[PDB]
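Trainee: Based on these hints, arrange chains B, C, D, E and F with the ligands on the given structure of chain A.
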Amino acid sequence: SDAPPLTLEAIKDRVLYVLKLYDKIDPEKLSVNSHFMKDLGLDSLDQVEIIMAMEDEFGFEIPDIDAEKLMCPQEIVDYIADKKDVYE
Amino acid sequence: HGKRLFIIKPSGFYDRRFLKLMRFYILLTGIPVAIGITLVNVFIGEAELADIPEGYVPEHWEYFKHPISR
Amino acid sequence: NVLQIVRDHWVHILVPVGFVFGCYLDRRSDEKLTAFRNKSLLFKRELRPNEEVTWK
Amino acid sequence: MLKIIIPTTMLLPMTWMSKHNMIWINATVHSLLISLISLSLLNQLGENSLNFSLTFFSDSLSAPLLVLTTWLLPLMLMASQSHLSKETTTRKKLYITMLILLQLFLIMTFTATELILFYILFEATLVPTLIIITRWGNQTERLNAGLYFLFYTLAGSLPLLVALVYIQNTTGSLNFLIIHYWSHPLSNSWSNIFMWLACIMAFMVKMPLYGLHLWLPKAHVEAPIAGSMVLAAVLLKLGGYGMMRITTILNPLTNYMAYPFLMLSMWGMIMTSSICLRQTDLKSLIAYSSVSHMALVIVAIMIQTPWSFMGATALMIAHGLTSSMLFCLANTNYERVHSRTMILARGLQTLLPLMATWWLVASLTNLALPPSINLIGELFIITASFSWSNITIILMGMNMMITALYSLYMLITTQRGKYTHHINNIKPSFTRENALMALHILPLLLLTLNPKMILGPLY
Amino acid sequence: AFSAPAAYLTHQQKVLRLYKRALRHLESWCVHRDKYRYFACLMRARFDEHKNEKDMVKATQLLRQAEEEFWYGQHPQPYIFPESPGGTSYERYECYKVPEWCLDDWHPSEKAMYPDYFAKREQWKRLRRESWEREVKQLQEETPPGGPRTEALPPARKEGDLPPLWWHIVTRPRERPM
Amino acid sequence: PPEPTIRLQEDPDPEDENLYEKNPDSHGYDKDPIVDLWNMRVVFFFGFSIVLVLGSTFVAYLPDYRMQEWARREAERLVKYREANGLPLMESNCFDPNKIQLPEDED
Ligand SMILES: CCCCCCCCCCCCCCCCC[C@@H](O)O[C@H](CO[C@H](O)CCCCCCCCCCCCCCC)COP(=O)(O)OCC[N+](C)(C)C
Ligand SMILES: CCCCCCCCCCCCCCCCC[C@@H](O)O[C@H](CO[C@H](O)CCCCCCCCCCCCCCC)COP(=O)(O)OCC[N+](C)(C)C
Ligand SMILES: CCCCCCCC/C=C/CCCCCCCC(=O)OC[C@H](COP(=O)(O)OCCN)OC(=O)CCCCCCC/C=C/CCCCCCCC
Ligand SMILES: CCCCCCCCCCCC(=O)SCCNC(=O)CCNC(=O)[C@H](O)C(C)(C)COP(=O)(O)O
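Residue numbers (the numbering used here), protein chains in the order written: chain A, 1 to 88; chain B, 89 to 158; chain C, 159 to 214; chain D, 215 to 673; chain E, 674 to 851; chain F, 852 to 958.
Hints may be right or wrong, so weigh each one.
Unchecked claim - Just a few of them, taken from the derived set where beta-carbon distance is under 8 Å, the chain B residues facing chain D:
hint: 1; residue: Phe94
hint: 2; residue: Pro98
hint: 3; residue: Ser99
hint: 4; residue: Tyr102
hint: 5; residue: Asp103
hint: 6; residue: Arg105
hint: 7; residue: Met110
FYI, nobody ran anything at the bench for these hints, they're computed from the structure.
Note that beta-carbon positions come from the ideal geometry of N, C-alpha and C, so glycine has one too.
Only chain A is shown next, with the shape it has when bound in the complex:
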């Protein structure tokens, strides 16, 4: 293994990193709690592409039922922290 114990700060940093490299969103307008449907004007297909990027970034894939009802970076971070059993 030799895997560092990733934390909430690292998860959120990597989430926002992936979202800022998403050129459909200008980086200076997004935020932790910024919605996907309304605050950024993104399509549902864009949301599932975001799910693609998250799955390819964290090395695990989210089930479709949970994925299709994830609309904020904050709740995505919370879900992934629950999956990975993150302490702080």
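Mentor: Using the frame of chain A, we list chains B, C, D, E and F with the ligands on its own:
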């Protein structure tokens, strides 16, 4: 790092106790038996085949080689 | 304490008494099958100077 | 021989005059001492036999069975100590009395110089087993199981008594020694055919034969743990011992006569091993595995060659020990789960690792892994059958494969995987259960060092 | 996996799931990143053409027909994440997942070690005993008559209340206990 | 229907009792700790110590009543003699034909 987490596992105390008890009793009887067998083999054992003297009839336990068998 | 543990531990003696009694009964029953003693063709033997029976 | 019988008889007054909380301790200690006493009989000769008296003799076919019968009682007591905890002293004493009487009947059965005495004790063993099954049984079908077990046996054995008295009327003696030295050929006649059938079917039903094996799953599933142990370990071997003893008079009629039985057993081992694959019950699976092994023993006895007899003896001893261990393991699971179904309690290796190790060893020895005596008997019987006919091996091959399958199936369903979430009353295994498994398994791995000690008189 | 399922899947849920499966299988087909990006954008563009279609019968005609095409070219050996239900490490660590109640069976000599852990566990047990008694009444009053219609549980609504049926969700062993 | 819906006056089915709760180190033998421990000790001593060890040693060192070394020595002496005489090892007939009286056929 002081991230030592608690490992939930079933109680191994009873299994270890049973294994220790079984080993203790088995050794308690086997070690004296092994020592006695070694002493008998080194000191007394290994009789060698001979010819029956004329006019002498051997006893029933005198037809065996190992002293413990005799 | 003697005469007290006996009243509770007396039962233990029974199995060994049965064993020795069975050994004695086996010998006694053996005593009744001596009709061919020192008479088998394979083991006709002349008695020792101080021997009466080949086996008991 | 009385040096063994008299202590077994004295076991009864000792049990009934015991203090209310010292019966188990007294019984186990004296049973182990009697077992130690029984060990003297193992030193057999290459000559005729150990003829103690006119009533009892010993043989290297009888000696291993006697030793196993004596050794089984402490294990049965230790297994029964658990579920009889909330029971009155009188009824526990009655249970121990029944076990002691069963041992005494078996001991007198295995020596039995005369065939009518052998039959009397062979059928006397029936009453204590029936009472144990129908009295200290949990389910409501114990009565039907007891009825099946009684009536299959008696329907098989009633012609045997008529055949025996007829044989004594004609020949003039039922003594084993006289019969062996004065054996004469049986002409191929209808009367001789029916005499052969009457002499054979009584021992065939108790093996049991594939056609007549129905009573066994009922009796094994419904009996308590001690009843299952004594049925699987000793009571099934009575038929094999009887066949090996009585077959001498039967020749040369056995060759023609043996075909219906040889075919039934060679197909029934496959049928029962395949039945084991689709079972929802541990006890039924173990019972069907026992049926398969005893069908192989039937084949070995019917072939009637020296290697056949040695393989049959070794397989009988090994199967007795292995099946007793398997039933003990299933009972340990049942006493925690109270369901006695494999698919309910799962992943027990995570919770009970040492008990999982015991399960693995028991399943391996049931699988006939070399150089265990199970495979010694397996291979001797297989070689004898191959010499009998080069086609039998194919069936034997299937049997071996199927056996391994269900064995590991039973190992995988209950020990591997994920533990059922809801069950929470799985307490750590007691010292008593671990000692029971150790005392079951150590004799097998000790005997594999000295196989000749269980290979019978034709060694 | 965490959320309760629905009584059915809508048309948009089906098209999104088909998009997900097709994109994953195309990524499996296109090993290299640039080729995958080009073909994924080509597929996204093709997909968006029928986006404003309003005919329901036509909508049914779309995607289902695509599903047959997806089944024909579904890359019989797709890429699966190691911990996914088809991955090579799907249930590697299920053998290390020991239940919590097993700690109730430890010998006192074992409980002598780790005393603070067992004190906190006792506090947890007290909290569970009180909270379950509250939760039984809360779920009894909040459940619709005739039995629940969807297997979703309501949250806690009072101050000292806890989520109903929480003990076995909070007390999961771990993802990687050892 | 004024029936009590109870077929008979019955005791409730008791729950299983744990030997570990009221007594750690319970050995699964008895609810009384002293009888428990002594039963464990006697079972272990009379099974593993006495029977499995002393009995195995006794069986291992049993005298040759099967006569295996006797048979080996007999065969050794017999072959030593036969090779020297020029006799052809073991004979085909188990019994000497001169002392067997066949029945004459005259067919
Ligand atoms: C149900 C689960 C299994 C139960 C146990 C089954 C095993 C018992 C079955 C008995 C095996 C066969 C019995 C008799 C075999 C004799 C050999 C015979 O089959 O071959 C021919 C015999 O021909 C015919 O078979 C004649 C008999 C026909 C009548 C028998 C009924 C056939 C089917 C009945 C089966 C039912 C069995 C169960 C009853 C409850 C040979 O012709 P032949 O040279 O002239 O007779 C030689 C014998 N001699 C020398 C004594 C004269
Ligand atoms: C826990 C991890 C391991 C720790 C321990 C490490 C040490 C391992 C050693 C243990 C086994 C390894 C193999 C070593 C074998 C050496 C001993 C062996 O040679 O002795 C055997 C002896 O063993 C016995 O023969 C077999 C044991 C007897 C079995 C009887 C069962 C005990 C009674 C209990 C009740 C019975 C229940 C079942 C009813 C049938 C064979 O002896 P044999 O080659 O011949 O001749 C001996 C010498 N003579 C010629 C003078 C006679
Ligand atoms: C399933 C078991 C196999 C059953 C196979 C056949 C079943 C059909 C038979 C039903 C019962 C038939 C009863 C009458 C049979 C008559 C046989 C007979 O009398 O032979 C006796 C014969 C010779 O008679 P004698 O007149 O004295 O000789 C002088 C001239 N030579 O002497 C004997 O051998 C006596 C032995 C008793 C024969 C046994 C009769 C019962 C049938 C045999 C047992 C087979 C059934 C076993 C039931 C299995 C249930 C587990
Ligand atoms: C490599 C394997 C090959 C696989 C083959 C795959 C075949 C692909 C071609 C399928 C053609 C189609 O588009 S299938 C035609 C299905 N019908 C419709 O799309 C009508 C309305 N569309 C929706 O409702 C969607 O949800 C949408 C508006 C897009 C987003 O919704 P959001 O706003 O809620 O995110």
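Trainee: Against each hint, give a clear statement of whether it holds in the structure.
Mentor: Consistency of the hints with the structure:
For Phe94/B, the interface hint is violated, the least distance from its beta-carbon to any beta-carbon of chain D being 17 Å, above 8 Å. For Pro98/B, the interface hint holds, the least distance from its beta-carbon to any beta-carbon of chain D being 5 Å, beneath 8 Å. Taken as an interface hint, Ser99/B checks out: its beta carbon lies about 5 Å from the nearest beta carbon of chain D, inside 8 Å. The interface hint given for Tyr102/B holds, since its Cβ lies 5 Å from the closest Cβ of chain D, which is under the 8 Å cut-off.
Annotation: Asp103/B was flagged as interfacial toward chain D, and the flag holds, the nearest CB pair being 4 Å apart, inside 8 Å. Because the closest C-beta pair between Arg105/B and chain D is about 7 Å apart, less than 8 Å, the hint holds. The criterion of a C-beta within 8 Å of any C-beta in chain D is met by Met110/B, whose closest approach is roughly 6 Å, and the hint holds.
The structure shown violates just one earlier hint, number 1.
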